[PDB]
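Chemist: As a plain string of letters, each chain reads:
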Amino acid sequence: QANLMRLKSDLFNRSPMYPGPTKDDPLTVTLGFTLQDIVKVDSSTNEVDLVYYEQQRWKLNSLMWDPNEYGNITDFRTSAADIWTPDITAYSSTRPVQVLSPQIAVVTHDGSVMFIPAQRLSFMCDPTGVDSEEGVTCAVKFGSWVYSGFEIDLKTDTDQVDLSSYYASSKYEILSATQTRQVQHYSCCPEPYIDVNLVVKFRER
Amino acid sequence: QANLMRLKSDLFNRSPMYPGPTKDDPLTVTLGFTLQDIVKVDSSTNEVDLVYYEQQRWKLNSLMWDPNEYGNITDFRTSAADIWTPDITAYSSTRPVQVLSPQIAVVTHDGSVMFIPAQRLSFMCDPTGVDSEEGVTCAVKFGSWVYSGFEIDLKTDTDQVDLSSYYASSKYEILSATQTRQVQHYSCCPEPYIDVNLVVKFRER
Amino acid sequence: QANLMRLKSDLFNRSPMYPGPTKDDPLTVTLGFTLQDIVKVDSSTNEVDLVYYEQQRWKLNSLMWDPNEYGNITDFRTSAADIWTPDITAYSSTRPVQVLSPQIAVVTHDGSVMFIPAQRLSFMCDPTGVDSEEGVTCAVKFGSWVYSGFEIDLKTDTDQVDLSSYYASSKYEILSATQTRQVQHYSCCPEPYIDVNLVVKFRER
Amino acid sequence: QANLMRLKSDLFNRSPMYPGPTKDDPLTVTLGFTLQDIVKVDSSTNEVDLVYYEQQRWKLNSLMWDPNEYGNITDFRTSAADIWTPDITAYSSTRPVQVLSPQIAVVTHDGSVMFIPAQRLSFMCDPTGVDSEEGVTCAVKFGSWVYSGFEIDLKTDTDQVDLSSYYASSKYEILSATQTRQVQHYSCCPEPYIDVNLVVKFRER
Amino acid sequence: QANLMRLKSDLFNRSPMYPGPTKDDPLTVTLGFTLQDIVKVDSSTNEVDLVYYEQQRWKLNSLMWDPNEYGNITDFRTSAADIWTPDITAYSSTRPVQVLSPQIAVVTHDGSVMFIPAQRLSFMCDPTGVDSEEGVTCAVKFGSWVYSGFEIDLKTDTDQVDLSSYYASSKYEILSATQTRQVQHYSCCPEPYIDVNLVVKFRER
Ligand SMILES: c1ccc(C2CCN(CCc3cc4ccccc4[nH]3)CC2)cc1
Ligand SMILES: c1ccc(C2CCN(CCc3cc4ccccc4[nH]3)CC2)cc1
Ligand SMILES: c1ccc(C2CCN(CCc3cc4ccccc4[nH]3)CC2)cc1
Ligand SMILES: c1ccc(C2CCN(CCc3cc4ccccc4[nH]3)CC2)cc1
Ligand SMILES: c1ccc(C2CCN(CCc3cc4ccccc4[nH]3)CC2)cc1
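Sequences listed follow chains J, F, G, H and I, in order. For the first sequence, PDB author numbering assigns the number 1 to the initial residue and increments by one for each residue that follows. For the second sequence, PDB author numbering assigns the number 1 to the initial residue and increments by one for each residue that follows. For the third sequence, PDB author numbering assigns the number 1 to the initial residue and increments by one for each residue that follows. For the fourth sequence, PDB author numbering assigns the number 1 to the initial residue and increments by one for each residue that follows. For the fifth sequence, PDB author numbering assigns the number 1 to the initial residue and increments by one for each residue that follows.
Hint data in this document are derived by calculation from the structure and do not stem from the laboratory. Just so you know, not all the hints are guaranteed correct.
Since copy identity is lost for identical chains, a pair holds within one copy or between any two.
25 angstroms max Cα-Cα, derived SDA-like pairs, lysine to any residue [unchecked claim]:
1. 23 with 104
2. 8 with 145
3. 8 with 32
4. 201 with 64
5. 155 with 101
6. 141 with 30
7. 23 with 10
8. 23 with 67
9. 171 with 193
10. 8 with 149
11. 201 with 91
12. 8 with 189
13. 201 with 149
14. 171 with 14
15. 201 with 126
16. 59 with 15
17. 8 with 185
18. 155 with 25
19. 59 with 181
20. 59 with 135
21. 23 with 57
22. 171 with 126
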């Protein structure tokens, strides 16, 4: 406990918190989705409710340490409030996202951070054809709300959504689930915009 | 990181926070709406739910800096809690507004602030005739709750609501969406009152 | 900005906050209601939902200042959290009251405070007869939760509820709306209890 | 104001807050209920919703003062957050309790505290027979969550629930409402467990 | 009070809070469930709502004291916010868990902590066959969100869920309720992961 108390004190009480990335010091954020369930489909409002884990990874030099100086500690768990976290948001939500898991991150000695919030999301989705064999496709983009591709570079490790934890007795069957990194440019702005498009093809089980 | 940490420290930890505008030092707030969806229409209570982005822009001398003194930083992102924000509100909401995005603003070296909260709004709207070709018109005024025209001047860049992000498979089709700055004079009071009237004409797709 | 920053610092950072009134130093609170809408009526639970502005006015010697000493500032806007506010409550609510507006007050150099929260209230009301020409009458009392008339004296400027902002396409038509100051004494206790009785007669439009 | 500011400073800023009772220094908490309304009955989930005032009284030596030393102040009102409050809870609630009133307590010079929160409670109750003349009986136990009878001596003043404020046009009529205290010892443990069983017999009006 | 004030000050104001367990200093957390009611079953979304008490026990050397040095105090009650608590979560919830009880723990002089939060949980469960004699089986895993078996060792005192407080007039009858410790391994990671699988077999009463 003494070595970990010392490490946390040196990392969090000595210097001000990381102020976020800039064009000169960009940050790469890796996103991955683990879809657990399609909990609700509302055909009268065109809202669909998903339960998923959103894996977020990034690396900060300010979070690095030599394990030899701290009783061979290679990683620790800490409240996500103690650290800077990226402002990754769903771009077409209809309700505030509901957090289903403790807000705790894992920090590794190389400065790597892994934060996996479990969430319930209501987003814009026309479910017409969900009761058919072909099913229905719905998509929701995720990205930084305030940082462009010049400050936050969004990435995925795979374009395949993790369906290994998908509820087997769900009302809905997943035909396909992909997470695709997209780089967009708008007429307004010279900076690129990055999002991860979560595309889910599903039908009634 | 060091230059941004220094900038934020100089802007936020040296002087007290901006106390808001006065008649002697008025502030101009530019409002713009990006309508995403008409998520719900309730004909039994006369409530309509909107999902939109509300772009807010203002400029403070106290937020200015010389980029040359701070490693050529021309702008940064910071929690909206670190800065003063205008008390812009819907004058005919029926439920507290639901924030759908991170509460983060972009501050530019010229003292400009851009704050774009995504919101879900429930407001007073009689949807009689939504199921017709003519559709229905509904309006909601936005403005400062406590500041008159003498302290906060409200403006728009365009009278046209941005409909380029409007949900393509929405239950409702937008016939027209305008955002108009209105000035109101009362016999009682010498001070003018300013609002932005969001007028949306819509029908069932 | 500098003069207002100085004023706020002198009023709020020099002395402890106003500890509320006492029998020796009573406070008069003026109440006024502006009814915007009867949003929902529930005949299965006997609950009615109102949307209104509740104007609250009081005066504190501790909030007084000479405008000449502060660059001729005669009033300012401040977060209601910076000041003491009366504990005015609805005595027959069925749900926690929902705040629809920014929590900001206007302080005048004579020590006057004006606080106008917009609220959504669910209260006990049998709506039987709302669908008739005669309509239905419903009442809700407002007053201090913990202070008697010896500490907080409630007053009204008028017995007429402001209906000039009442939603013209509401499901309900207002036949009459009054706000009356009422006094009561209990056998135990000598102190009077004050409430403002909001009586609304309404029917379906 | 000055004398009350001085009193509050002496009571709350000089010594640490009361750490709660112990076996060596037990505390008597007097509990009583004022039933306002049976708002809802749900026969599909077996949940009943009550609106009531829960009167809590206790006395602390650390909250005592000589009125002569403080401008003859015999009592004051303060935020329930400034003082220790007992952890009295419903043992069979189905939803978090909703607070309908300001969280303010009355402290008397003898160290007496009176705290009367208004609340909405959903609790386990089978309402089968509510639509009959006989009605239905439902019960909810209240007590300390973590303190035994050795630390918190939970008491009542009367076994009769105050029905003098019960909503006259409620959907439900009260046939009887009692608050019976119970002291129990289990074979495991030497300490008594105390609870108050709020028993309400009611039917449709 | 003085001895307890002194004890709390020595335990909580002298050293930094316990930073959580590590591989070198693991922690055993014992979990136990007391099922109170199956409040709701939703066959359209496949969600079931449970009301239960979750007993959590763990032991910290940093929470030890000699009762002889503190007026023979052998245990005390304190806000769960004053101490470190394990991040035990339901792995298949569909809504944020609702806390129904005060967040207070019991600390014993041997460093033992007992924390029993009452909760309402919505979780993934297909209730098809609940209206039959055979009933339906539903399961929910609980475990640490961020810690492995190397840091938090989860244990049970019994595999039998406590049904002695189960609501007698519930819509649902419990056929069986077990809580089983399970050790899992993931392809990513060499460390074992522990969960407690709450398996409830139930039917309509
Ligand atoms: C966040 C944290 C834990 C989980 C777990 C899922 C399965 N195990 C743990 C299995 C587990 C996943 C996992 C994902 C990335 C890296 C390491 C990981 N270990 C218990 C909780 C889910 C989301
Ligand atoms: C309001 C409007 C769009 C957004 C974005 C939605 C898609 N992108 C990039 C699209 C985008 C245009 C744009 C115009 C002005 C300022 C920021 C902007 N971001 C990232 C955030 C956030 C808030
Ligand atoms: C609380 C509740 C509602 C408001 C206003 C409602 C409509 N207007 C301006 C309408 C308005 C005239 C007027 C005349 C004298 C004093 C205050 C006044 N407000 C802007 C906001 C402000 C604060
Ligand atoms: C708890 C319970 C009710 C209230 C009130 C609701 C109606 N009154 C009546 C207030 C009131 C009666 C009374 C009778 C005997 C002794 C003290 C009393 N206070 C003012 C506030 C406030 C706090
Ligand atoms: C967590 C879970 C339940 C409770 C209680 C439920 C019922 N009682 C009596 C609680 C109670 C019996 C009992 C019997 C033997 C040993 C210890 C015991 N505690 C008071 C609160 C408190 C905290």
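Chemist: Against each hint, give a clear statement of whether it holds in the structure.
Modeler: So, going through the hints one by one against the coordinates:
1. Proximity of residue 23 to residue 104 under the C-alpha cut-off of 25 angstroms is restricted to the inter-copy arrangement: shortest distance 17 angstroms between copies versus 28 angstroms within a copy.
2. Within a single copy, residue 8 and residue 145 get their C-alpha atoms only as close as 29 angstroms, which misses the 25 angstroms cut-off; across copies the closest is 20 angstroms, which meets it.
3. Taking CA atoms no more than 25 angstroms apart as the test, residue 8 paired with residue 32 passes in neither setting, with 27 angstroms inside one copy and 32 angstroms between copies.
4. In this assembly of identical chains, the alpha carbons of residue 201 and residue 64 never lie at most 25 angstroms apart, being 41 angstroms within a copy and 49 angstroms across copies at closest.
5. Proximity of residue 155 to residue 101 under the C-alpha cut-off of 25 angstroms is found in both arrangements, the shortest distances being 23 angstroms within a copy and 20 angstroms between copies.
6. For a Cα distance limit of 25 angstroms, the shortest separation of residue 141 from residue 30 inside one copy, 14 angstroms, qualifies, whereas the shortest one across copies, 27 angstroms, does not.
7. Taking CA atoms no more than 25 angstroms apart as the test, residue 23 paired with residue 10 passes between copies only; the shortest distance there is 20 angstroms, against 27 angstroms inside one copy.
8. Taking the shortest alpha-carbon separations for residue 23 and residue 67, only the inter-copy value of 13 angstroms comes in at or below 25 angstroms, while the best intra-copy value is 31 angstroms.
9. Taking identical chains as interchangeable, the C-alpha atoms of residue 171 and residue 193 are never at most 25 angstroms apart, the minima being 35 angstroms within one chain and 28 angstroms between chains.
10. Only between protomers do residue 8 and residue 149 lie at most 25 angstroms apart by alpha-carbon distance; the minimum there is 22 angstroms, versus 31 angstroms within a single protomer.
11. In this assembly of identical chains, the alpha carbons of residue 201 and residue 91 lie at most 25 angstroms apart whether taken from the same copy (19 angstroms) or from different copies (24 angstroms).
12. Within a single copy, residue 8 and residue 189 get their C-alpha atoms only as close as 39 angstroms, which misses the 25 angstroms cut-off; across copies the closest is 24 angstroms, which meets it.
13. Taking the shortest Cα distances, residue 201 and residue 149 never come within 25 angstroms of each other, neither inside one copy (28 angstroms) nor across copies (36 angstroms).
14. In the homo-oligomer, the alpha carbons of residue 171 and residue 14 never lie at most 25 angstroms apart, since the shortest distance is 51 angstroms inside one protomer and 53 angstroms across protomers.
15. Taking the shortest alpha-carbon separations for residue 201 and residue 126, both the intra-copy value of 12 angstroms and the inter-copy value of 21 angstroms come in at or below 25 angstroms.
16. In this assembly of identical chains, residue 59 and residue 15 lie within 25 angstroms of each other by CA distance solely inside one copy; the values are 17 angstroms within and 30 angstroms between copies.
17. In this assembly of identical chains, the alpha carbons of residue 8 and residue 185 never lie at most 25 angstroms apart, being 40 angstroms within a copy and 29 angstroms across copies at closest.
18. Taking the closest pair of Cα atoms, residue 155 and residue 25 come within 25 angstroms of each other only inside a single copy of the chain (17 angstroms); across copies the shortest separation is 35 angstroms, beyond that limit.
19. Proximity of residue 59 and residue 181 under a CA criterion of 25 angstroms is satisfied intra-copy only: 19 angstroms inside one chain copy versus 34 angstroms between copies.
20. Proximity of residue 59 and residue 135 under a CA criterion of 25 angstroms is satisfied in neither setting, with 39 angstroms inside one chain copy and 50 angstroms between copies.
21. Taking identical chains as interchangeable, the C-alpha atoms of residue 23 and residue 57 lie at most 25 angstroms apart whether they share a chain (19 angstroms) or sit on different chains (22 angstroms).
22. Taking the closest pair of Cα atoms, residue 171 and residue 126 come within 25 angstroms of each other both inside a single copy (17 angstroms) and across two copies (8 angstroms).
Taken one by one, the earlier hints fail for this structure at numbers 3, 4, 9, 13, 14, 17, 20, listed in ascending order.
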